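S.K.: Here is what each chain is made of, one letter per residue.
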Amino acid sequence: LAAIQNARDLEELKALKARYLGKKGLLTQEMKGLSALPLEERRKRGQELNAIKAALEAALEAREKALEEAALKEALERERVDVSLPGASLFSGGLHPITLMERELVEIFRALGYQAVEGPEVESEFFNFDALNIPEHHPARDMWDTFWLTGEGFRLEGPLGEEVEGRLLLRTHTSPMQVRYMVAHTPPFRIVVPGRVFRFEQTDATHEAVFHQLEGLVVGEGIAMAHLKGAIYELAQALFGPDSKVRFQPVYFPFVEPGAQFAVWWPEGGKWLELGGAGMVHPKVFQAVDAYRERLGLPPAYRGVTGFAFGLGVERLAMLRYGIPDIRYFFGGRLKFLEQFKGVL
Amino acid sequence: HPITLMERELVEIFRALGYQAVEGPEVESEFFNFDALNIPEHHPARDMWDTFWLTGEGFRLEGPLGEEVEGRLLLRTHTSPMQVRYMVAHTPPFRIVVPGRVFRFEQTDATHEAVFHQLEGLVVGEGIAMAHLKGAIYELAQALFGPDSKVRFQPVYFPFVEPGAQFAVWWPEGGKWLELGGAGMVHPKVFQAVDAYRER
Amino acid sequence: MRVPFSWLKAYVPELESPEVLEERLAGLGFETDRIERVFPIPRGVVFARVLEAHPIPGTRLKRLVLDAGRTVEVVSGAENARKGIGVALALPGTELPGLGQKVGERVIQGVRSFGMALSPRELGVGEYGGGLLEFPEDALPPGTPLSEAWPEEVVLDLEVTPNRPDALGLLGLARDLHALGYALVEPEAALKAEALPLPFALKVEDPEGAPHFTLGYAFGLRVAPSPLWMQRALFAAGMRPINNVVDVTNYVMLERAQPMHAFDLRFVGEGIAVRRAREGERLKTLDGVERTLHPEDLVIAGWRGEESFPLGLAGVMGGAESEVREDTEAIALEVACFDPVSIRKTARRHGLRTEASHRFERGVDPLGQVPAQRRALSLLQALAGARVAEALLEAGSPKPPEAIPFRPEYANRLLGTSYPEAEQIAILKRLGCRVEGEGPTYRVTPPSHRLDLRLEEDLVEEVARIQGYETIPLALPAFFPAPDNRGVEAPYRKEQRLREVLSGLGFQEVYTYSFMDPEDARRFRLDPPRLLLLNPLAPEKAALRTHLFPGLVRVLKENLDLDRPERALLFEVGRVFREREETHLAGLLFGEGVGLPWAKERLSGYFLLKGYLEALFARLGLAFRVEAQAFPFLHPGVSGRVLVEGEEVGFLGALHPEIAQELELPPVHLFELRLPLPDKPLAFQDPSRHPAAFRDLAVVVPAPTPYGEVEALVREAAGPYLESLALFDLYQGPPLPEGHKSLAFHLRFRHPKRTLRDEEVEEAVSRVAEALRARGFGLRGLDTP
Amino acid sequence: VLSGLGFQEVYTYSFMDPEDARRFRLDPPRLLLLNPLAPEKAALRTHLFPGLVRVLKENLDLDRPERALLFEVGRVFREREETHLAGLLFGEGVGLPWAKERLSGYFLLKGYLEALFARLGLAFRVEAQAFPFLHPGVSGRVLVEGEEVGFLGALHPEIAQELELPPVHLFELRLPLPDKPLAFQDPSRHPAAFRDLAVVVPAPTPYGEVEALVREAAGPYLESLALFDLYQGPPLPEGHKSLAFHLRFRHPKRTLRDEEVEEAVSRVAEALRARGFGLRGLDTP
RNA sequence: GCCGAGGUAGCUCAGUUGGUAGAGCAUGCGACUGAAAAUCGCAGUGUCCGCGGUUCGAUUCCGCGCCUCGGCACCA
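Residue numbers (this note's numbering), protein chains in the order written: chain A, 180 to 524; chain B, 1321 to 1520; chain C, 20 to 804; chain D, 202 to 486.
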């Protein structure tokens, strides 16, 4: 502050001392002899020249240099700051554990050649259970609890942007989108559809109203059960490491035949975790996609095609992996709870 | 930085194809760099790369399984040195891609440079065939320049591969046939060196 | 290479379309660099016969008398200007290429020059502008145009790879085309030799430098210029013609990778010795030099009884004075196989880049010297008349190529293809191979010229090349990776994830070279560079970076110099070399920093960058402390080392004003950690539901004391039920007992079960009060106000 | 990016209580449930902010945090179904902890917005336009790459009092926003002309107004353009506001012959006069 | 190894009849300033690759090496 700007203007006085001098000095040898100086060689061309000139350097370089040592010292007295002290209060930020858990599972599979599409939350009976072989008055309808919707205005665009005829609701499972994909696109493909799902259920520590699932399929010529066994395994390996096992047991699902429930060995967890349910897609699900495609003048695509699909609730893993108590927490949007997952990669 | 976008994008393209990305040391050692990749000295193959040869005391060049290395010091011309550093430490099969900074003794201009970045990689295992590399190098053309992109394969010479080739990729709307890289079925002598070393 | 089209069609006729060829080759593996049409012979350039050459008095010019089918003079200055040869006359009024100007009838020193005889460059057939073209005087009917016998030419620049040394001669190439379906017309130069003893010997001294040698003898030589088609060829290839004898030496070199020298027997002595050049030996290498020799060099010498003398530097140059010219009448033709490295070093030593060395350094058919002899002598016998001796001097027995396994199906299992056996046999069997097998494993012996064919695999790319790399189908692999490979991406992604966060955070990524100028060590006051380059790009790009900040600041400076930015918050993560090799994270702050643009007040400097650090750290799941500790380069008063999750990984501070002034730039703040930093796993603490005790206080503590001190004490005396703890007000001055600083703390207690009975927060506060007294730290409600 | 940026992700239910429509002064719920979980979880969300603030409140009620900068990206239902991005600011904001002065409020959250936008390769303007729920004096709608995707403002103090909580600032865009492809502009090597000025303009006028005028009158060779000082009062002719501008010219070839920056400045001076905007070197001082 | 040119500031660079070794710009200080831009008025940092010498300043010359260039043919 004090000795810096004072002498830097004061050495500039010397920079102005070099040219108030530089002129009188340059106004002797250059003005008395431009063409006639090499005629007036000894005495004059040596006195007012050579001699005085070295002043125009020693005083220049000294007020230019003998100022840095005294000024640069004035800053050594100033910032004598406390290194440790809360610095500017920037916002941290951070993700939500469903996002980490979801993205992680999205990666695991993408890394296996899978693509992730996302479907509408507000579905329509036909697309949701129906197209997936779940007709009404079916104790299969009793396996899911639907929030049935009502309201005027909402336009439910289906697959190829066309509007849909059906009864409105909130998607129980992400499968509705498994069919919305198959009408719009042609095989083969490997896709995974993550999203929020809605059940008419009694909120507690292990059960919930809203939730997230990730389901997916791989359809194409020649796909076999062996393939789903292959995948569901790779998911066990990348999630619980190289001493992890998978288990398959038959189970009933309207959209798949054969059907099964995978359970995964959690090496250090010591228990046999449950996880999801999958199976080789049902023939009638291919008929519905083609029936619909034809309604839209879209040549049929799933004639000679085989295909498996799987589905597992994110919500569970997110509790097993990131060790959480009750399911309510995520949606109970609480700060001190959420703030523990701001640090996860 | 654009190398990061460009790198990560290419890292994704391949990871999405089942590939893993490992990263190697910048300061390599003659044996690991050209040598282990079938490039002995006094070989006009050595003349295809311009090495910054290094000198200094102190630097400890840990190899694969943390063991120190006997060889002459340098700056990796290509990322291949790490293709072998992987094969000694791990067992097959695997699909990996090794990105990194590379260093050539060259005359800096608008199209040429001193420092640069490459991404190389391999897939080794029982039953892998040329058809497979054709398969991959294609998938890279598709995911980079979309569904009307083509790939072209022509033979070329590389010490570490037999057969060898140079891929060129059709850039639909670019109208030209871009060059890109060079690849090939790995050479038998590169497997011998890895095993020779493993036994050491 | 440099491939004259017509010439190639000589060995493989029915080739047609140089573009269809270029295509064919690049499919075989040869990248054509450029295609060129050459030989645009003007209509006005006709062929004249020189009748006489008379000097024009006391001047250098010569007045030649020609006949473009109608006797006419022209005065030349050129040396080769003599009677007896054929020349290329550019009639007056003839527009020339390399000349640019037009020829006309002109008066020179007393004579009327009717046009002018041209040099190669003048006509435009090669860069040799020091001498007229020289053709056999009987060449073409005196007066016919030259274009008639000099049809234009297409020449293509190939890119022959190092493994293809058979592809350095037209016939190597030819042979490859033949594999695709083309007919091979191998010229048979069958000579007429009479059996008589050759008047010279051949004694080889170092057989592992010249494994295979050959000396042939042709005498009775009628040295003249070489016929047009042969001049057209040599030029067409990018060479200059000399005399039928030497041209036949180049012609066959070009025709099949064989470098050969013809030595005038005059200068041979008793015979040819091939040895290592003895110290103190100097030769006048053909291009006109006195290359003082080294004992590593290999030399072709001749001896006269005692002394042994250098005639040519083996496998590179030669010429000297033993060179073939006008008065030649007999020659010893050299055709040997030299050891690549004995040449490759010698030639890279003397600074030589010969068509012939280049050929030898790659390698030559170690069994093609004898056939090469015949081509050259039969050629020589025709072109130069020479009577040749049926008797060469073969020294060095070569060994026939080794036979390779080759299982047709292996070739297929490798290519993913399905080429039938039969088909793949033919490919090799017509690439000129010895396939002696019953099947399934066949055992093939490659022709002598294919050095590139050692392993079975060399053989597979032979089948998938003729077949086409465009017949290997696309397919993808499916497989369960080996257990140990599973996860190797993890270290990586964690580093990539760091650049991402460092980015959304608010840092602009920079990439700097890894070269450091040794110089900086002093400017930045840091430990001396660990590694240095043996061939730096510049004295300043001499050693490698021990730190990233030198470059980061350097880089910053260059930005003020160019863009005068107001602030910048960059970051970099390159490799750093010293002792070992590490990944480092660094970044510098600078300028005004955050705040309001239309408000006179900013928020910046050290605490800015210090805040950006804690912001970062928290979002990383890691613990961050900066403790003080001056570092050589930083500023003494604002310098501390970064402490992540317990440990010291780097520093954070300002810059030492010495350097600031030293580098013309103002204040900058920076840091450099080392990666990877640690990773602390998710510790899920369930929070309580019952409220918290919001109590509060302040401490006096001595001026030059640290925050992290008071704070670490407060926190461990607070016990387990403390929650938050934040400094919210600092104080310097009175009402404080001079030389102290009041640090205000928002406290906060909470029980993870029932609530806090208050008297409990009190006794808690008691220990904190206690440990302050037990340290010399007074209060507000107890010790100073 | 919303995360490294400095926003803590929140997830809220998609059920809306019909009730809010009045509290938050917004258009009536489009869909209702036939079997709601509770009268309050009866219809679905037309906006995300109701819940974001709701959620915030519950945090004061429980944790008494000092500030919070959250963000959410759930599904919103009305007419069609969309993805929305919203987030609210609150409390003291950035600044120094041992310094009595903070930096926060609207411009804080407004700055975090432009910070975000830039790192997105997108263009961002906030033009004024009171919205039913926001505060009349601090309410404008977000304009990304030319278009209106949402709003940014404070809260209508009616509701603040209605909900026991203090001032909050928020925004809600609709996704996806656009994506502008890489336009690689090569920069020049020759220095730039650093000129400068100030404009008087009538009190209730907008910044984005003066600025849009300045910029298109500046011509093609303008580079940067930043407000660096604002003024309310005398020596100004009562009821005006002096906006100071750091200008900056640069030629992508040769340099600028100065008299050229001048004639350039002439058009800017011109269009200010042609609008009623006086200067410093010409119209008020 | 070669035949001839450039290397001038905080950028870009003409560059000689050497006399203001700059000009476009851009840089700092004293009036105008709530505060900055034009005007005013004032002077400047610049190893002119690095070093040997020459005039007054050492870039008009002449040395060796440097950094960038156009022609000699084969290289992830």
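Rather than coming from a laboratory, the hints here were simulated on the basis of the structure. Note that CB positions come from ideal geometry on N, CA and C, so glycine has one too. Hints are not guaranteed to be accurate.
[Unchecked claim] Cut-off 30 Å, straight-line C-alpha distance, at most; resulting in silico cross-link-like pairs (DSBU-like, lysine-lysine):
no., chain 1, residue 1, chain 2, residue 2
1, A, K515, C, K418
2, A, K424, C, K448
3, C, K619, D, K311
4, C, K576, A, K252
5, B, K1509, C, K448
6, D, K442, A, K521
7, D, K381, B, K1470
8, A, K193, A, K203
9, A, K521, C, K81
10, A, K515, C, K448
11, C, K699, A, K450
12, A, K515, D, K258
13, D, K311, A, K515
14, A, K193, C, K760
15, A, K521, D, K301
16, C, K760, D, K311
[Claimed, not checked] According to the in silico footprint, chain A covers these stretches of chain C (three or more CB under 8 Å from chain A):
no., stretch
17, 235-244
18, 416-430
19, 617-628
20, 636-645
S.K.: All hints, please: hold or fail.
M.R.: Right, here's what the structure says about each hint:
Under the criterion of a C-alpha separation no larger than 30 Å, the hint pairing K515/A with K418/C is inconsistent with the structure, at around 83 Å. Our distance criterion of 30 Å between C-alpha atoms is broken by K424/A and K448/C, whose separation comes to about 54 Å. Between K619/C and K311/D the alpha-carbon distance is near 18 Å, which keeps this suggested pair within the 30 Å criterion. For the hint linking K576/C to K252/A, the alpha-carbon distance of about 23 Å falls within 30 Å, and the restraint holds.
Taking the CA atoms of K1509/B and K448/C, the gap is near 26 Å; set against the 30 Å cutoff, the hint holds. For the proposed pair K442/D and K521/A, the alpha carbon gap of about 44 Å is over 30 Å, so the pair is violated. Distance hint between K381/D and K1470/B is fulfilled; the C-alpha atoms sit about 27 Å from each other, no more than 30 Å. In summary, the hint linking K193/A to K203/A is supported, as the alpha carbons are separated by about 15 Å, within the 30 Å threshold.
For the hint pairing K521/A with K81/C, the CA-to-CA distance comes to about 96 Å; that exceeds 30 Å, so the pair is violated. This hinted pair does not check out: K515/A and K448/C have alpha carbons roughly 79 Å apart, beyond 30 Å. For a cut-off of 30 Å, the pair hint linking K699/C to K450/A stands: about 25 Å separates their Cα positions. A distance of roughly 14 Å separates the Cα atoms of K515/A and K258/D; the hinted pair therefore holds under the 30 Å criterion.
Annotation: proposed proximity of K311/D to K515/A holds, straight-line Cα distance about 26 Å (limit 30 Å). Taking the CA atoms of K193/A and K760/C, the gap is near 44 Å; set against the 30 Å cutoff, the hint is violated. For the given pair, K521/A sits about 28 Å from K301/D by alpha-carbon distance, which is consistent with the 30 Å threshold. Proximity of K760/C to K311/D is assessed by CA-CA distance (about 36 Å); at most 30 Å being required, the pair is judged violated.
With 0 residues having a beta carbon nearer than 8 Å to a beta carbon of chain A, the stretch 235-244 of chain C misses the requirement of three or more and the stated coverage is violated. For the stretch 416-430 of chain C, the stated coverage by chain A is violated: 0 residues have a C-beta nearer than 8 Å to a C-beta of that chain, whereas at least 3 were required. Under a criterion of three residues with beta carbons nearer than 8 Å to beta carbons of chain A, the stated coverage of the stretch 617-628 of chain C is upheld, 5 such residues being counted. Evaluation of the coverage hint for the stretch 636-645 of chain C: fulfilled, as 7 residues show C-beta separations to chain A shorter than 8 Å, against a requirement of three.
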